Amino acid sequence: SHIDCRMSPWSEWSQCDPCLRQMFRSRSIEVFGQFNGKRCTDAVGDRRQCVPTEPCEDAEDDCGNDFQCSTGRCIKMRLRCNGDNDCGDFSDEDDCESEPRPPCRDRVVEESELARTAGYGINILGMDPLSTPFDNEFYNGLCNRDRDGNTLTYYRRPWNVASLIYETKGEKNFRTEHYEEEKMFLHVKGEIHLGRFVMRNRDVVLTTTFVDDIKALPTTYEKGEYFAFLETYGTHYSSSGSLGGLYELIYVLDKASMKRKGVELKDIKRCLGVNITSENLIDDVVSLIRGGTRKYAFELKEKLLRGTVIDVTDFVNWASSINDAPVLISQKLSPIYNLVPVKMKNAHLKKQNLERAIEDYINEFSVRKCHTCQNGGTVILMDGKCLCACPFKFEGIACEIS
Amino acid sequence: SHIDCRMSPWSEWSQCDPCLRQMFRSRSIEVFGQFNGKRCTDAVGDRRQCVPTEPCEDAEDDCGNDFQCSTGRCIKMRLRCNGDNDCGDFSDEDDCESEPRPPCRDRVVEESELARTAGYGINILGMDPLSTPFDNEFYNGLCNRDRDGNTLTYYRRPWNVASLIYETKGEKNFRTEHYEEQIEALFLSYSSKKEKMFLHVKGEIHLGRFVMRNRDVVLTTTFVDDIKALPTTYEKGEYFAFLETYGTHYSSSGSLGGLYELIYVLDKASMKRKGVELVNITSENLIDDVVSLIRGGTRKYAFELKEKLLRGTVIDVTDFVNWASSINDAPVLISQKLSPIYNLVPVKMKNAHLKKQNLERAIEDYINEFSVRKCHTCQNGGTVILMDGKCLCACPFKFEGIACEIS
Amino acid sequence: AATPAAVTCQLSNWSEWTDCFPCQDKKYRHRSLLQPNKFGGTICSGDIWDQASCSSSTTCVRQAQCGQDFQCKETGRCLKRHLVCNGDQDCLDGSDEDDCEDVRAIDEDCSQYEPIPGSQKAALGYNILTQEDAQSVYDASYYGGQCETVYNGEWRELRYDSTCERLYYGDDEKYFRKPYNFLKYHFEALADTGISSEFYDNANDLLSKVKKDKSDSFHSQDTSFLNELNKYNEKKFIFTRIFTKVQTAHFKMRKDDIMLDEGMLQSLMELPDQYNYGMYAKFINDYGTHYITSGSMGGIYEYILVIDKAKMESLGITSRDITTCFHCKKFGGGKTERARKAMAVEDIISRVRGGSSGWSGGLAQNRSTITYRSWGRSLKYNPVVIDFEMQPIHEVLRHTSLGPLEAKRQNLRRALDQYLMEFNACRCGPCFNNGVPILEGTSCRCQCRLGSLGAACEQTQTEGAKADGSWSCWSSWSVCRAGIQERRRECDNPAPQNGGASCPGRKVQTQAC
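Chains as they are written, first to last, in our numbering: chain X, 69 to 470; chain B, 10 to 416; chain C, 9 to 521.
This is chain X alone, in the form it adopts within the complex:
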């Protein structure tokens, strides 16, 4: 029989947290199925409502002098007449309608699609809603601004962003390598490095949803609910990273047949920098592409699939698409518990619980939690289902054919 999901009890059902009025259990998953046996999609955390035990600990605090922004983000009063939405719902501007005094008073300046979506939350196992915890529409009344050289448009820089430098760095590498005494290997890479962001480490202005979801975290270690948090916003955020696009293609040859279907690489290199029908192993390239507006990359694939090296026009088209749909080439992730606003009620214990929840995330959802393959194959957790793959023309759901 295959391995149907192995799981655990509704253990240690808590007492109530007084202010949240709720009680939790931290269930567990024990084997992620295997061999096309029943995958795991049960919950790992459970809760129930409470009639409250005792007083709530006066958890509220309020601005004092500082502006009682309608969604509770106390903001410096020089913002009050900003006209720049520094309060998360315009209730600053709604409260100071009487006189405008706009930052960027005279400069024609815009907001970058990159900057708004800068500093994505990332889950080390997947992806997330509310991807940016950062506000990135808060400017703190400043007009720090940066120019895209490709359009000369000024984009103002939202206050979470400590640097935003636009670039154009493009590389391509074509490597072919063979030996006998034998091996054959070949890769192609390109990179189109559009620009670099760096984020502020301190006084980060987090969204109202994020602070509400830190109010929704019990001061006691309810692993299920902290998992709900880590899955929603992220295990980590990108503190700095390089936006752009990338691709790699590979096509490895049987040298023996290569020498007689074709003759030599110049027979094919002449197509890059007249053809024979039999040599197609060089043509059936494996392709990987990251980022870029899909239409141009699809057209590239539609040419490469025919063994036609794409024209320079299509490459530049794709590149000038990249600005419309970039991806992070490179990042330095930092864990979300750093974003925990230091003054938040009990902020520190909640950070420490987040550290435990991060650890439990790793310890739980890892290939260590699955047995060995039927015969030396590789088992991968994929979407949370341990199943097997082997490169060397193995076959079967556990590489049982050899």
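A couple of the hints might just be wrong.
Unchecked claim - From chain X, some residues computed to sit far from chain B (all C-beta separations above 10 Å): (1) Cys73; (2) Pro77; (3) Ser79; (4) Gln90; (5) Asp134; (6) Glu179; (7) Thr185; (8) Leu198; (9) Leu220; (10) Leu232; (11) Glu249; (12) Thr361; (13) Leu372; (14) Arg424; (15) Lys461.
What the hints assert, rightly or not - To give a feel for the contact side, a few chain B residues facing chain C, derived at Cβ under 8 Å: (16) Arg87; (17) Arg89; (18) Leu151; (19) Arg156; (20) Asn159; (21) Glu186; (22) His187; (23) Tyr188; (24) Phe207; (25) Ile214; (26) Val326; (27) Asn337; (28) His362.
None of these hints come from the bench; they were simulated from the model.
We treat Cβ as the ideally placed atom computed from N, Cα and C, and that holds for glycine.
Once you have looked at the hints, place chains B and C on chain X.
Just chains B and C now, with coordinates in the frame of chain X:
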């Protein structure tokens, strides 16, 4: 086994630093982890709220005769009404109903972006550039108009840029080395064959050079405020946060420009040796490595040129000229002279010298912490690379794998 | 050679804090650069100079000192009083021109002429150690109330007027105001070009053969012997070298009454009369080892191509064949050897110093009348300094409007001789393969030419090339007891390699004790 990285225990908590209401801790990375052991993603420092135990000392002083703007910069009163936004906020001039006394005497003038971005911050780790710590919009009320050189336009030089000279240079270097052998000779005999080629081309274009002013320089409000927030007590994680936000150095001078590079390498060879000593050798190799790089200029021209360079196609000089002109629209900091960021800690600031010394210590820590020095040796003389919270090894030799374990 | 090992950067301890300078309220100190990180190596975290705030516990008067002549508050700039209310702010505070309701003091309407474009670079100091511009030494904008003007010979710019039908030349650029620090600025169009091109080729080829056949019958024997050689050599050599030098103006800086820059003025007022190497080294660092007093403005183009190829081939054979009969028998025995080798190197360097990124690049790529003309046009709007004479920075002090500075000048000379010793690129390690050693800040590099690679350029991609040596620097001065002090140096950093030339300088240098 590979090694998942390891970190020290937390330091003891500092005392509560007054005014900033916080306590801090530190934790060094003992071993980066390597060979696909887990990253050290975890933060090197920690901080906590504290109810302050003792009186705070104010950060403000009365500047005296100098005006004191909302942003806290003080400006000499000739800059009142000057209309240059000398405080970044207009409290230099928003007061004034009349007599704006404006510099540049109604002459045609522009802002220059190259001067505005001059003096990028730099993190020594990776040499990555960062936003300039300099304001470059304060003009000290001078005009100092300079010509764009590549264009008939005059821009006002910002005060902190002591020079910005468009001393344009364009270079091309090309080399080809090409080599063949056939040899058919103890009682040895041979059939050695080789076919070797190196082609290498690079072309730097220099648009110009800036020099930042050595004295009386004016810094951004956010930078000086982040020095204010910087703990006096040498809390490594807070100084690392500062260095991460602004880099460890600034370019006190920089050359702006663009670059193209192309390397073509081939080595096709075989060996046979036969005979007797007082022998059955056979081998073959092919290596064939193409790399192309373009830096700077606008995408639309840059990538076309990178392609026409990768193609053997004879370049239409119109394309090269187009990219080389587009370098004026999007230059790269192709070179710079670094100075440590702590030299930008303004003197006469409170505990300025202490914050300077503590930044020098924090830089010592930052360099030695993220240095591969405390990382495991590669197995076969490969270069160890501290990538990001993990070391991996790459061999230029025929060895292979993340530790060069094999060939 | 394999790479040298890395060395860590090292600095001395801090020198003892300089006593708080009354007008500054500042304390200064310096370190010494004990070692730059020649290769790899941890860079030093810290700068070799440091300053801190103080309180003097004593006033200073110096704001009043010059006040016979008009002394600004911001700056030490002390002006002949006719410059007050002259109509042109002569110090950055403008205190000479504020409250000038007695406007009758204006000297002339001259502002219709802009300053000479690109005059500011001649004002900058120069660092011989790095060939980089420093801060300004001369004031680029002080006119001393003179309206002295220079004719721009290239003022002709086409215009069109569709309201008429006239194509005509505009005249705005026709004159520039000459800053006071230029004794001469002189527009003059010259070009020169030189081209040399050479080919030498030789092909040398010999074949030689003998066949010797002998036959006898008594039973019979027949024998044939062969010896043969082919030996072919080819050499191909091509050299071409182009130089083009446009001159568009010449300048000369005034040798007298030099008006120093405000920043240099203040910084020179801050230096002690007592010798303090930290202070004066900071001054030399900021304002450069040298300042400029001659000029050519222009453009240069240079092109070099070298190609060298060789081929060698040889074949040899020796053989014997025999037959005999008594039953008939046949034998043969012999050897043959063959070799071929082929070599090519092609090296090209093109460089343009001149007036636009676009056409400097275009002319660097494709030498042609189109790129020559369009780059020449660009030289109209952005000429570059093509030649300059310079002298050591301290010689400026002899000629200032500040009068004598003998003690400060001798201090600055001593400091310069130390600065030129301590920061010399000698302390960057051996750049192999004719790599160029560079020292910047507290760090070293080799700039490696394309035929070379690695932290010391040590791995040329070919097996090797003829690479000339370079000197280590001079050793310390001898602790002289006779009237003579001595310094030694050797051509070993690197030594001349693969038959390269010796470095040509002096082995031995001598000084009065």
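- Could you let me know if the closest chain B CB is still more than 10 Å away from the CB of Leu220(X)? violated (7 Å)
- Against chain C, run the beta carbon of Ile214(B) and see if the smallest gap drops under 8 Å. Result: holds, 5 Å to nearest chain C Cβ.
- Would you say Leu232(X) is clear of chain B, with no C-beta pair closer than or equal to 10 Å? Per Cβ check, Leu232(X) is inside 10 Å of chain B; nearest 8 Å; violated.
- Query: Should the label of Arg424(X) as a non-interface residue stand, given a Cβ cut-off of 10 Å to chain B?
  - Reply: holds (13 Å)
- Taking the least C-beta to C-beta distance, is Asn159(B) closer than 8 Å to chain C? holds (5 Å)
- Item | Given as non-interface: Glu249(X), partner chain B, CB spacing beyond 10 Å | Label violated. Min Cβ-Cβ 5 Å, cutoff 10 Å.
- Message: Quick check for students: does the CB of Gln90(X) sit more than 10 Å from each CB in chain B?
- Response: holds (25 Å)
- Item | Least C-beta distance between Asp134(X) and chain B, which was stated to exceed 10 Å | Given that every Cβ of chain B is farther than 10 Å from that of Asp134(X), nearest at about 15 Å, it holds.
- Query: Against chain C, is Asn337(B) within 8 Å by beta-carbon distance?
  - Reply: holds (6 Å)
- Do the numbers back the hint for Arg89(B), that is, is its least Cβ distance to chain C under 8 Å? violated (13 Å)
- Supplied contact hint for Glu186(B), tested at 8 Å Cβ to chain C: holds (5 Å)
- Message: Given a cut of 8 Å on the nearest C-beta pair, is the interface hint for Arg156(B) held or broken against chain C?
- Response: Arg156(B) check passes; min Cβ-Cβ to chain C is 5 Å, inside 8 Å.
Hint check: violations occur at hints 9, 10, 11 and 17; the rest are consistent with the structure.
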